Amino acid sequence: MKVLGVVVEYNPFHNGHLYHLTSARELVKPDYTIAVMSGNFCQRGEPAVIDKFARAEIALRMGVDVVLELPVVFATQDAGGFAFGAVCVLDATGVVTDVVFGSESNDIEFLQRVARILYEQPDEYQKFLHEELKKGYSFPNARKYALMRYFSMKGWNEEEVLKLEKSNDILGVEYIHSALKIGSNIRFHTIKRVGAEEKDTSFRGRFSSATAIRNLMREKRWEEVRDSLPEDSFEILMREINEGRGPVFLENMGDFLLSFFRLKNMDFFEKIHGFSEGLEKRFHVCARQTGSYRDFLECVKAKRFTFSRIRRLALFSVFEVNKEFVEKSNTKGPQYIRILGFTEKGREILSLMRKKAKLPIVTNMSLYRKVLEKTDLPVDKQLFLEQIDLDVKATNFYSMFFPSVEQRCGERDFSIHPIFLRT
């Protein structure tokens, strides 16, 4: 049979995402569609505009059969751990055959060559990369340059590597690389991304970028927002807004983040994952000097530091995510498959997953301890506990920023139940 896996965020779900899903499904023509989705926190280092349950419901109503949660530790990282975690989950399902993503290049063979190079790690490219790293650049630039040197050395075209400056292509290459790391049989497909780039903050019609739409939400223009969204997506959006669970933006968390950083000392950041190049110093100082989170991001950021990375380090710092645990997670991968939602068609493939899963499947949250105790699968139990605790902590922290105080009460992992769509 054919089961189409997809790696998604949907912050929010717009017409471009619908077009993507449609074209992908029509390309594969699968018997099922499984979607691994980010939680209440995305990759950019920004919180989701609405929580994961509403977005999972939207995903289900847009033609996704089953919605799985990507663990927060793999969600808030850069392309490497993100792709690692995602591919690991989709492979851990056991039923996933095909996986389709968006791309600017629309060249799969090229991305596969690049991923092959980054996987096999030839001694040549390692010498080059060693040199460029010693030259004082950052990792993305050093890897780009070294790959260009390898491509010129092998007689190929090094101007092709420019294609890899696009976000989706990086994500794809890292996907393939991860699959080659854990040895997944999953077939990967690319479809040309049509719309505004993810780094484009300006609104033009549809399909506007997620950032542009979020900005439109900030300005309280709901007509352009409604024009940029499908009917059901906009409906669920306004539903979550009117009940006081949204919208949620980073600047709301900003004061908390800064005040929390002012409390911590130099060592704390040296413990937290992703801290190097004296970023512990810069964090410690800028936290005390700046009066707001925007100014903080401006201060910490230099020519060599992107907004995304710094935001990621902020989220890693606020949850006390430490290098050791992150290393274990980046080695063994996720210890579980969390089920966010399913349709009536979803119960089928999910039931097959109950058999073919390489990882413990979690539906009822209150029972997850029982699941970890009664599972025949040989998983690290401590890593399991720490990961799921990080997920619950992330959701619980996300809940506080609900506009309505009444909605802030209780733990929404245990209280809320997996979204079930009747047909």
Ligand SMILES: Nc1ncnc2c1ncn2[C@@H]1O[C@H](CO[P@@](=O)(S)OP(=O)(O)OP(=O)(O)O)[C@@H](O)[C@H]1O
Given for the second form:
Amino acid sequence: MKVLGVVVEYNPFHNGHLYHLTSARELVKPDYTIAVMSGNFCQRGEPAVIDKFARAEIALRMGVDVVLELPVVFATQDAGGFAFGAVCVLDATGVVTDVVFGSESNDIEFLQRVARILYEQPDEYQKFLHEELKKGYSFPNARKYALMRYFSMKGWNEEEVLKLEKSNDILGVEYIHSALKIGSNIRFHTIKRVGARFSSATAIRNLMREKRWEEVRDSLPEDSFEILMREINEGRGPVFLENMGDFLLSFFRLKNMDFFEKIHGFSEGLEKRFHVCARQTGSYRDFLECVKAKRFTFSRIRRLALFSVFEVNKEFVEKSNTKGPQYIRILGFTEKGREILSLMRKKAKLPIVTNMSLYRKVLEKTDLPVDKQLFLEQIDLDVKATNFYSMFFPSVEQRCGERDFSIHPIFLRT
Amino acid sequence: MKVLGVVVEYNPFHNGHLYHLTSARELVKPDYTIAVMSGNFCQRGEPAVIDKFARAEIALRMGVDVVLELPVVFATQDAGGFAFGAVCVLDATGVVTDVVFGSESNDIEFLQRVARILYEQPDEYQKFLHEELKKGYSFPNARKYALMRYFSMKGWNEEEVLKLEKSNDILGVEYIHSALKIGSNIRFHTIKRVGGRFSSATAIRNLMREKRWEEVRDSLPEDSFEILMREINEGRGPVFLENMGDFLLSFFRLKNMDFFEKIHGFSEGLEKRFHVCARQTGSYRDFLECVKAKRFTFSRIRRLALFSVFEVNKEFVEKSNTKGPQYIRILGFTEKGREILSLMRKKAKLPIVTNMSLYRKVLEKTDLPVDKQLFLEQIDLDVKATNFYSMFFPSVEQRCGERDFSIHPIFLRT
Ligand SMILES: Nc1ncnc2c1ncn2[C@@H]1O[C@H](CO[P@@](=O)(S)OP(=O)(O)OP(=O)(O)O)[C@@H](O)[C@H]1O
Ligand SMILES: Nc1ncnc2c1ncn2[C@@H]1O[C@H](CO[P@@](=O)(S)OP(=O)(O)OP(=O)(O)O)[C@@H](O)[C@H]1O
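Next up, can you give the form solved in complex with the ligand of this protein, since the form solved without the ligand came first?
Following is the full complex, with the preceding chain placed first.
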């Protein structure tokens, strides 16, 4: 039988997301659909505008059967790490046969060809890559130029490689590359991205900031808007990066360069830039602009700020990017979802965590040969991120307790 | 020639402080007056309501000739550590002859008698203490009972040991004790504490919170009130603990018990209490009440919160409480003050820091047998505290830069 996996953030779940999910299901005709979803922080280094429990419920309402958390250590990395974590979780379920992602080109054959080269690492490609890195280009640029030069040597059209300047197709190549690395049999598919009625998740979050609520409503499915309003009515949203800005900036003034040198992703003089800009600027917005230069994107800097505040160190990320996620966290499922979750319990290659109050017992008793210390470090980060995030709920009445322990997986009858 | 030393916090400088300074000057008739003053955080675990540069200027205008900073590692400790740092700084100037402190008993002979016992550690006293250290008693209590039982054996009145339940006389004993430890020749004196026109510093900060400025005005010398208004009008005040509360509470959610176990001052299950209360409560006020129990003072809990965010570890404090402050930091001086500073350059036992941009050069060039690593760690903490505190200036425009480097010692002309 067929099971559709999808890799998602849903920050917030909007019409474009409904378009993807519906397209994916109609294309593949799966018996079940499983989503692996970023938690309370997304890949761009921002908080989710409402939390993962709310967004899990929306995913269920929109046609997902089971929602899994993509652990924080992957959810907040650049595309390579993000993709690797996401494919490991989907593959580890033991049931996912097909994955569909939105694509600018909608050219799956092109993406598979590129993923194969990056997987096999032919020496001519490596030679080109090394030269470009030596020339001082950043890895994404160097890889691009190296692939182009490789395409040319092969008598292919190198201009086709320009498709990899588009974010979603880059991610696509990384999903496929990850599946190749871990030996997964998952079939990958593209669907065409449309619009940016379809506003980007970032535009919609900006509409919320400006309190243009009618336009927000026009951008989201009804159940998504309803849950968004629910969270806002109870003071659990919206949550914006700028709400965390004074914390981040103040926290960096507590740290010296020695600290940042241990944090994953620091290189190219970024330790000194974090150290100096933290002391010379008075707001996180100004901080970001101070650290920012030609060779750094805002998303890279914002990711580094999250890695710093959560003390996500180099050794921990190295192990996570080698051994992968050590557990499957269930954020929610439907009555129909029970059926595929039951099969996962038989077929999964990682321990399944439903009841967080039990996760240490799950680890102690599992037959699966996981890395115990890595498991504990990974899930501790997931919990820490939730606990930190909840301090920024607008209403103080919502800031108590550990929501990973107090909120069980969302459940909806079918 | 006589130089009056005074140990002070001045948070803010009020009429009781003017009474003390006037009384001390009348008693000692000093040629010069040097204050050693807590920086931007005081001994009760709270931020100074305006910063150290403003309060140093107030001190000079009220008749102090030279203001020195009490380094943070001492300023934020309990009475023993606070006193030790303060007396070390004053003794290290090489010019201080007399120290006068406010006293509940105004009985200097008694305070001297108690410090002598603590310093000389009689056999009988040590026995009692070891007994009392068992039966679960914390040291300051076990000490009090050991002292009482000691007083009985010698045939003195043990009820008199209850004079040491009083805050100022506790400090008095510790100043004298510290002077004996380091072999200081400083003469200590008491003046009786008096108390309308006299409100405590805590009462005045609450008046400020409630915006009763006329009552604040009535509690403060004119120049003290004037500079308080200046800082407020210029967006550098007031600064209250509750302004830092969300930072502290959020920060504790980033930490596990292993972290608090390394922080100075943690014992008696306080690590578990910090950890659990941080996750169970939604505000720092609620956090503090959660941690509070009969055997804990709020001041101790508040101090521990400060040691936690500044990562003031057990070993760093143990060395500091052994070797003392490694530098004399000058916050301000008058014209008259320049004179005694000139003599200090010949007589001082620690390196003197005027220009913070030069402190590494000072440390490099000094012939004094300081601990260089400890010097660097102590002054790093002073700078960190200033930088952290400045993020809580009400005006965002005032939050940039490192004030320790941007603001030279205050110089007042006569
Ligand atoms: N307009 C659109 N058309 C088709 N597919 C889309 C889409 N928008 C998203 N998807 C697909 O929906 C899936 C989940 O999207 P995430 O939650 S990972 O958000 P994101 O893609 O970064 O959204 P953004 O910020 O608005 O660009 C992915 O396969 C998308 O390609
Ligand atoms: N009313 C008073 N009478 C006599 N001396 C006093 C005094 N108030 C302060 N002093 C003396 O002034 C000196 C500086 O006091 P800090 O700056 S250390 O403040 P603090 O004493 O904690 O003030 P509080 O919080 O208002 O009780 C000390 O020797 C005091 O004894």
